[PDB]
Amino acid sequence: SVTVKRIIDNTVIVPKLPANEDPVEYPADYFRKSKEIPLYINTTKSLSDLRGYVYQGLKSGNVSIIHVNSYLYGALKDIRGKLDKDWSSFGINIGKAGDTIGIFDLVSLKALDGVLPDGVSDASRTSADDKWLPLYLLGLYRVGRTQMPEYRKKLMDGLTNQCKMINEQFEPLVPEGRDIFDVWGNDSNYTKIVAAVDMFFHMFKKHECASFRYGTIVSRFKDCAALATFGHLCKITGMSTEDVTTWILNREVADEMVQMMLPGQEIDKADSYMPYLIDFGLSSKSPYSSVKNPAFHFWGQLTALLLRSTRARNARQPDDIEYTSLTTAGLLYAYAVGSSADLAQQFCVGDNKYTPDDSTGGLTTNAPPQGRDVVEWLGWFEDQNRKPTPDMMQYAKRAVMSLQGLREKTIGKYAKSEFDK
Amino acid sequence: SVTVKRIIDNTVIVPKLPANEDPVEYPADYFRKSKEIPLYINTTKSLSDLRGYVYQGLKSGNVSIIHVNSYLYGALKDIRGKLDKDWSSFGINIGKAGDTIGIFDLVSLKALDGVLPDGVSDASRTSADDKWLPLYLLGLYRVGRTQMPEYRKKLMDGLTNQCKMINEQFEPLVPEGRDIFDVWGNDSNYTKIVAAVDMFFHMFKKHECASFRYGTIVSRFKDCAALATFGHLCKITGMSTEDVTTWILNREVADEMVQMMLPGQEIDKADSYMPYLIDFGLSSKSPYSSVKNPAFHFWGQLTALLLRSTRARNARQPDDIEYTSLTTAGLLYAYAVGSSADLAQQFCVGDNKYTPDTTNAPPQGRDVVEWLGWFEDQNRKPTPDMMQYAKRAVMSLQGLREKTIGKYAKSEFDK
RNA sequence: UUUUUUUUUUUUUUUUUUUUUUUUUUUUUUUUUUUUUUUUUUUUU
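First to last, the protein sequences are chains A and B. The numbering of the first sequence is the working numbering, which starts it at 29 and goes up by one. The numbering of the second sequence is the working numbering, which starts it at 11 and goes up by one.
Worth flagging that the hints you see were computed from the coordinates, not collected in a lab. Don't be surprised by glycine CBs; every beta carbon is placed ideally from N, CA and C. There could be a bad hint or two in this list.
Computed, partial: chain A to chain B, Cβ under 8 Å [stated by the list, open to error]:
| # | residue |
| --- | --- |
| 1 | 41 |
| 2 | 43 |
| 3 | 90 |
| 4 | 211 |
| 5 | 349 |
| 6 | 403 |
BS3-like mimics (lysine-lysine), calculated; alpha carbons at most 25 Å apart, straight line [stated by the list, open to error]:
| # | chain 1 | residue 1 | chain 2 | residue 2 |
| --- | --- | --- | --- | --- |
| 7 | A | 415 | B | 174 |
| 8 | A | 138 | B | 174 |
| 9 | A | 159 | A | 61 |
| 10 | B | 425 | A | 441 |
| 11 | A | 437 | B | 413 |
Put together the whole structure using the sequences plus the hints.
Quick look at the structure:
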């Protein structure tokens, strides 16, 4: 309808509305530009010194990020790990058959000049070093993310990990909520280390030091929720990835989907850079984020909730998506899966059940399709005047009533308002 | 009916009522007049000094706006940012062709003479300067707007931002509510800076200092709510902008609409001056305001509420609009969209579903004409199903502030 | 006794402001107050 007129007086009006941008950036379409990920670990002073500046700065309640980065690089240059097979991503050849490589085999540059305390702090601290101190430093990255009292839930475990080798304790005193170390995550160089470590131990899963993954793990797939919700959807319906896809039933979800499955981005790859696209700063607007995939995110989570997901009762309810239609589509999917059990004899002793029996005996009209086929159901749905039948509605009610403790703006609370009146 | 007579005695009466004015002012119809936006950053004394007068005045509990403006101009003349493509708005050619430009490439004049403390304050403060001090100053603009305890919600984040570089803390002590800095927003020169900064970093989205956008952002589209509600309406119904338009069903909403879509105002433009029409003082009565688009604003928000918007349960309920009719029209729109799911197979494996296969059964899709007609058939009075639809949309809403269209909606439909 | 709205008037008549506002919306990115890994009956000589 490129053209709209106003009837009263036959004048043209040209409906337009403010431009929005934030185009996503994929990982591949970046190793076009550079062919290395720069890690500006700056000053290169003694490790013995650095071990000091931190062990102090920590107990103190302030310590330069610049210092901790430098210390980490220091205690982590263990060139451990022997390449099982080969290894390469996005063209970059990280190593190969049994080469020996270490964490920072992901691209080190140095820089700047200014620091803090002079040359050499308090010698008091020894090689109660690598062992555990780095783990702490990395641990805090995880803790620095959660905005809620749950943080002290993690820190608890964050140290009841820790105790392993020396049995120390707390270091700061100040809660968090953003101010303390909670802002380390804002240091492009810090994150790059966290990512490099996680990506590294994800490969050498078995390694005395692979315990460092604690707290370094919440960097893997950071800002890739949509991919995850898609994964859960499959697991939770029993359907294949291609079958689940066909059940997508509104454009902007298909749009979203197409956007996520763009090829040659290595998402199905074992150990690639793609999962850390954010923390290595490969991309500044993830294509797989839940906020750039709102329609999908809603549909997928609402559906899983109707199918009894626990995860899904607390997902966030995006804004500016087409709710009513998104949820009608979810209901249907949920209803189809919900009433047609896979159900098929699996083992036997000489006597199977052949499902056959002259498969026609009950309702032939408004009895809904047998299996889980989009076409059968779409058609059945047409037959129903494209308006949810009372049973579906009943299905939804019995899935959302008896949910309790629902945070507002979650799709849990949305679902319960919509269906359990 | 230019003529009204009184039956009892055949005398003419001439109904008239008080004149109202506030005609709107568009942005374009202004770069007719001037061709520059004047920024009277006054005194031009040392930055080192200024850094002082504020760092003091702040911790104190009073500091001249005049000073802070000057300080800002001081720490912000970073001529950073290299023009990606070209850049021009309303005729004004801001930059070009790989040019390098900085924030204040939007028109500086100087003025007046009088100030406050003498020449040089407390040297105590250094270049813990640009880094973070300006951000604070700008941050306050945002905080200075909200009239509610939510302000300390923003200031919280307003500093837990802050904490990056230096880790400082509070500066005033006195809450807010209009008195402290909450009045900086009244300084035509202050705002002009806020706008210039926002408009600048909206262009150079990627820039070490682009973090300054915090708190400078609520100036973008300030007093342009109607435009926003129209955008949400589209997003929330799934309809195109031209299709949504056709669902407008009462004159004064069409009037309103026509007013908003006046051409050559650059509203669909990426980075124009239009969004900052108020803070650059391009216009003193926005055409896009919610108060100059009441009917639209009501209709648009009511409809979105029926369609499950969360945003919309708290919109304000304008006065002096035609409620009953405005809401009948909204209901219908909401009912149409609400019952006809887009619903269409999108991916396949060799076997698509071809959709191919009464009286008071309502139209199939979402077409105004089909529905208008169906509605005629219904004696232009909402059927029991619609009414039911409305109820199930508004009951189970809780926590409604009064004068919101949330509360209006719940009173009308969930008896 | 004579009185009688616990009425008053003087003007009034939104415990409305119009100057601009109107999601007690938002840096951005983002969103199970998920997860180290192993487990996961606050089962047991």
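In rising order, the numbers of the hints this structure does not comply with: 7 and 9
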